[PDB]
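Whenever a hint applies, use it, and build me the whole structure from the sequences.
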Amino acid sequence: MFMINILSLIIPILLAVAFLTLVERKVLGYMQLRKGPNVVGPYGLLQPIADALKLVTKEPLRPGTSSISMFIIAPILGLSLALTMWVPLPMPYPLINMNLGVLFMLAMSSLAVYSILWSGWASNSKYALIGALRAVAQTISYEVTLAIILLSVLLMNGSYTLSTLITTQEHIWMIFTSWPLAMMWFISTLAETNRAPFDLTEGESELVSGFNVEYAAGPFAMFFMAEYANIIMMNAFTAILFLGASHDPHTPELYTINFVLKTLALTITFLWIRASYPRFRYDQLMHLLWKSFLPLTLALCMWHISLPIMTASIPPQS
Amino acid sequence: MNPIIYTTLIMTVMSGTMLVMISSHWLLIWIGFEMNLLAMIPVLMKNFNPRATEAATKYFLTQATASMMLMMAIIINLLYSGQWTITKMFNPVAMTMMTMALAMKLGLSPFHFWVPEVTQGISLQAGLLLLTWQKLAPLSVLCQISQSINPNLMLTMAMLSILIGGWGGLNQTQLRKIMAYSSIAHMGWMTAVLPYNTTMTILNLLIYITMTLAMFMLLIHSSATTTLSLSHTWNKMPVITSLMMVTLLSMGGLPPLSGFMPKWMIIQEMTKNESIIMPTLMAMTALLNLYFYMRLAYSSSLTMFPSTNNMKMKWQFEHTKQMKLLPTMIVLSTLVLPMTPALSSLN
Amino acid sequence: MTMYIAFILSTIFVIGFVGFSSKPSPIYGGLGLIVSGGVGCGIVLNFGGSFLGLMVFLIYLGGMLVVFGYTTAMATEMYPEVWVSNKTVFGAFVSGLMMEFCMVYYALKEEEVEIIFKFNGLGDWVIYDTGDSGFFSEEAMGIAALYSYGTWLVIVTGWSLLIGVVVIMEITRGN
Amino acid sequence: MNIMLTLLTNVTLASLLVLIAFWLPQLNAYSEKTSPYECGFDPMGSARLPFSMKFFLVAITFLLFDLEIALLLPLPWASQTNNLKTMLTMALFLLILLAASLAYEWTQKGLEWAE
Amino acid sequence: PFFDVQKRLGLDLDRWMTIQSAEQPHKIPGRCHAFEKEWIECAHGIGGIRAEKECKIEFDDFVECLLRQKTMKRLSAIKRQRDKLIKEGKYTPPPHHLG
Amino acid sequence: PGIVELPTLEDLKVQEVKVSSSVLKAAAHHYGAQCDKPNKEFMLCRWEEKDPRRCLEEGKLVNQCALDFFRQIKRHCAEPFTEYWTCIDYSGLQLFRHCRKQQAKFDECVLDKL
Amino acid sequence: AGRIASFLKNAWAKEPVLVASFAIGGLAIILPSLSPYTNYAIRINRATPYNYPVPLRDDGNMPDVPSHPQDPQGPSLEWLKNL
Amino acid sequence: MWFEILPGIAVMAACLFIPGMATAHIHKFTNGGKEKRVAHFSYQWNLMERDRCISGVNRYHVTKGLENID
Amino acid sequence: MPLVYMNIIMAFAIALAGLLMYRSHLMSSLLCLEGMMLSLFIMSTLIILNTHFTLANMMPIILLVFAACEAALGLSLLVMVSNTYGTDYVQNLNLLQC
Ligand SMILES: COC1=C(OC)C(=O)C(C/C=C(\C)CC/C=C(\C)CC/C=C(/C)CC/C=C(/C)CC/C=C(\C)CC/C=C(\C)CC/C=C(\C)CC/C=C(\C)CC/C=C(\C)CCC=C(C)C)=C(C)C1=O
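Order-wise, the sequence lines are chains A, B, C, D, E, F, G, H and I.
In terms of the UniProt record's numbering, the first sequence has 221 at position 221, counting the first letter as 1, and numbering is strictly consecutive.
In terms of the UniProt record's numbering, the second sequence has 184 at position 184, counting the first letter as 1, and numbering is strictly consecutive.
In terms of the UniProt record's numbering, the third sequence has 17 at position 17, counting the first letter as 1, and numbering is strictly consecutive.
In terms of the UniProt record's numbering, the fourth sequence has 60 at position 60, counting the first letter as 1, and numbering is strictly consecutive.
In terms of the UniProt record's numbering, the fifth sequence has 100 at position 99, counting the first letter as 1, and numbering is strictly consecutive.
In terms of the UniProt record's numbering, the sixth sequence has 135 at position 58, counting the first letter as 1, and numbering is strictly consecutive.
In terms of the UniProt record's numbering, the seventh sequence has 25 at position 24, counting the first letter as 1, and numbering is strictly consecutive.
In terms of the UniProt record's numbering, the eighth sequence has 107 at position 16, counting the first letter as 1, and numbering is strictly consecutive.
In terms of the UniProt record's numbering, the ninth sequence has 33 at position 33, counting the first letter as 1, and numbering is strictly consecutive.
By construction, these hints were calculated from the structure, which means they are not laboratory data.
Positions of the beta carbon are idealized from the N, C-alpha and C atoms, including for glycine.
Fair warning: there could be bad hints in the mix.
Said to hold, decoys possible - Taking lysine-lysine and the BS3-like style, the derived pairs with C-alpha atoms no more than 30 Å apart in a straight line are:
1) F:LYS127 <-> E:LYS38
2) G:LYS82 <-> F:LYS102
3) E:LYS54 <-> B:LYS88
4) F:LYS90 <-> E:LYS80
5) F:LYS127 <-> E:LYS57
As the list claims (entries may be wrong) - Listed next, the stretches of chain G that the computed footprint assigns to chain F, with coverage defined by at least 3 CB atoms under 8 Å from CB atoms of chain F:
6) 45-56
7) 61-75
Rendered as structure tokens:
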């Protein structure tokens, strides 16, 4: 009973991103007064399947100047990294009870960017190399704030174990004690996953592509499903870390229902901001983090090292 | 480079070397080397000439390789001993790995083809700081670990340094290049006596520091970098080059100038250890060092060289820079032989 | 088969180590380092060093990212090399694979290798020690004491890294 | 065991999707369908020549700053000590130099992106 | 130390990590705590020259505990001889070492 | 360079107490107070002698005193204890925080009956 | 006052983030010395028994060391319950 | 209208609900009802190993109460 | 001294050999430089974890702190040599032969 457990995670995950593409357009359309897909099946409940099946039957082709090996492995890197990252998430009981679950997700999420430029570099295209070089410095600069924000919040945890967030915010939501860090955490998640106040990684307006430059039916599907899966989690990680929920040890279903609802609400907000703001220019999104987010990031860090000491509220290590 | 950053950059170098000479933990010694390397690379390329970039580069790969080998030799010593203290190395391979690991920092054996052109490319100011200060740290480590040193390897390290340093200097015109080979020659002299009496290499270090200092800031005052450019200084500054004779003679060890004190005192110590053939050898091959010293002496003011008519208004102007301890450094670099027994202060 | 993953993981570490040490194109060198770096994190994790394992994972990944981020910036070749490409890199590569595969063969067939030091093949599971750790992981408390027992190391490390930002700008500024 | 089985399943699942990606859709290709995309007209010849960006200075400071976050990572277990005064002073000390490095990097052009 | 400022200035900078039997956090002893404790207590103030000849077995026990060079060699011979003896068929492992 | 005097197998044949970890975790505080004397003596032998081969008998006394503690609990408060340790065992982390009510039954039972 | 107030107001207008960050950064250092619960944090960390309280041999003349865990003499941390 | 959006959420919410329910139930099923014991530290693992040895059937979750001793 | 020690020690040798055989690239040279750092970090981690040298578990961390510090220095030096000479092959900087 572990292969069943793993396949009880992989299939629901890929189906979650599957219909997230439907709740994207059907939400995007309604926010821009459109109606979204409602033709393929009732209320569009079959449109992504029609999209997916086409994207595994229309002619794929490697670029003539491609690097075959790196061109093929990049979708492998994107998809496997996205799936493997959901592993330590503590939905009532986590699938894999890592002692350092937080550090694990930081490490692999820092790896999901090797896919974007290995794809860009191997594609041997001018828009590919531009988009690849845009994205790398975009993510790592946004990664410095990602690491410190996680540390400052988790100083009240006493450990990096994801299961302990359930116990930590048992009575009080964590956001009520770290809301200033919550704002930059949400923005950074918008930036690591490349949603659209900082979707410059794709850069469709100015770079036409960059998530998947010449990538076709299969590899394009991966680089999409590898980033829409990150959309659902980076809000599941936000939900688990900031907005805790009651967890009865005898009936975990209530926690799973509550946990799913918070991810759904957060994911809608990811789609909500996506159609309410313009595109950050490159220097602006770098200036926002290196010149406005980081100074507040370090300052609130020093606050959260001192805060438990001044209030004698050092959390238990175990 | 702004003046304030330059000072803190220097202080980091002195702190890095100081960390090496006070720490008892191997990791801290490695850290002191790492800080020394890190704060020095910007110093070399202070003026940003094209030459300095690869001059600083050749510094970096050589010393980083030396630092990494030093770290590895430390690790094996920890593996076989479980100790970080600088007492001795309990694995012969660990020691036989550090000698070259420290040697490339010192630049003694064929781990020396970095010293000449790193001196050449960089300015004269950092050249002085490179050839004098950067040797206290690696030598200090060698002095502490002097107990468990393979004498066969360490002696060969120095013997190779004296031969190459003397031989290489005979075919150099750029004053910085001849200084580097001459410094390499003195490298072997200090390191040859290392296994026997560590007090002696400290004495030779102190004398060599004064020699290299006094020689260099004389070159700074002369504002010369090649033999021909130095030649004209007789027309403008006769006393500087006349003083340069005595320092050149002292640097060659020609007594009763102070430069003999190391060469003399060292030879006395090793003959106490029944080493006779080798002491005779560096006595012989110190002469090729003396050769290009005299050629420098011949070309500077022992024979006045053709001048340049653009020197009139040069004589109309005096130096504004203010080298200090230069009058002092010449005194220690020329006449301290009557105070030879003062080496016991180091002991 | 699950006898002891230490050798298998360290073997991929060496084969990945062979790769970028053969001087490929710099971008392909990053891949060769990353596989070794990732599996190296696996080796330390298997030995109980959970924090240090993921520690080298996160830092290096960011470290090598800016490495080959730089190579495509100003160190790229107009016709990049590959694992096969030139015979020199081909020769340097295949030399590494045949070398390591010779030592492991020399390692696993007598179990009394005496190159430089002594190396006897009996299983890295053996050197483990019997004993509990209470309610704390030993490695985590060891690196936690840096702020209590290692105040001297914090000062020298902090000052050096601060100087590290000074040199980087000062070197790269120019003119 | 558990962690490696999960790692294996993900890469097999990803690789299988590639295999059905490049084999299930059959190919009718030529030399013009493999041409690099340049928004229509012919490329002038690029995508591998040195494309020098400007944030190299801040790209490399990220590497320096990423080492700061490595140094201050063990803080959750550092608070469980008996000498918090020393721990607090040192913990803020690393943050101060991290702030100081950023501030000095800021003042001397630094974060500004070269033109 | 070359110039021992720690001894003169009377403070500690790195004389807390240089050995395994020092005050570790929360009194977590090292593997070879006793072996090195005897070795250091053996050669304390005796000098390096006398230490390398007198406190020799204490170092050998400590260095062995660090690597288990001989002990693992002993185990290697036990398994190899057991393997050939079992393979030939002289004797078979007793039921306690099967389950 | 000598011999190793491993004790007789017979000496390592004392009664082996058989209760699951949750049972011991439930007894915990009450066990610690009412069984400290043999416990402290045995570990002092462990710390002083630094050799379990010289302290087997003190280990035996712990087992015998552990049995008497558990023999008394069955005779008097077997049911509430069985209710309590079952409630601890369900939790994956065995926290006393979730079974206060069953604890309240247990301690009052041994207070007014043992 | 005039020089300082003009500077603070001007910075509060152009660069609100920097004057903000310098505030919490400033408070993060100076209150922990002033606040009186810092000693409690030391006591809580000290009172946590990770290791065994190894018994010490009773040769008599140790009145303060208890002979049983329930004995009144010894370090009592009832303050934790009240706190 | 906006309520037509909800079917997009519902088929995702149920899909995201499965991993939480499946993992919770599989652990209970594979450990005899009780939650899977977590061992974040060696001491927790030591209890688990002693449970495996004591149970006889080599099952850590199979627990023996007072009735094992007598 | 089991075979894992052989693997990473022999690994560091090829890092030493790889560095000392500059073929045509400074960037690939720096790769081998940071390569050495893996084996040293990994071996050091194995040592102080096996020996339970808990207070010395900080040593691999401090290695990494001074590790990337050199790595930054190498690329920063590589910035100008490639900037003002075009490429990074270590053959075009022989102007200091005289
Ligand atoms: C600028 O900004 C931008 C964005 O955003 C910021 C964007 O978003 C976008 C994106 C654009 C839009 C949203 C606009 C509209 C476009 C779309 C909606 C495109 C749609 C794209 C798709 C890819 C469609 C997705 C839809 C669906 C329905 C996907 C459905 C999924 C599947 C069919 C697959 C599901 C998974 C399955 C079936 C897995 C099956 C697995 C198994 C059977 C088990 C496998 C494993 C094992 C057997 C393991 C055991 C095996 C072992 C051990 C083998 C061992 C072997 C050995 C050798 C040892 C753009 C362009 C953009 O410009």
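Results for each hint:
no. : hint                 : verdict
1   : F:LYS127 <-> E:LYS38 : 14 Å, holds
2   : G:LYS82 <-> F:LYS102 : 22 Å, holds
3   : E:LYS54 <-> B:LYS88  : 14 Å, holds
4   : F:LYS90 <-> E:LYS80  : 28 Å, holds
5   : F:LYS127 <-> E:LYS57 : 24 Å, holds
6   : 45-56                : holds (count 3)
7   : 61-75                : holds (count 3)
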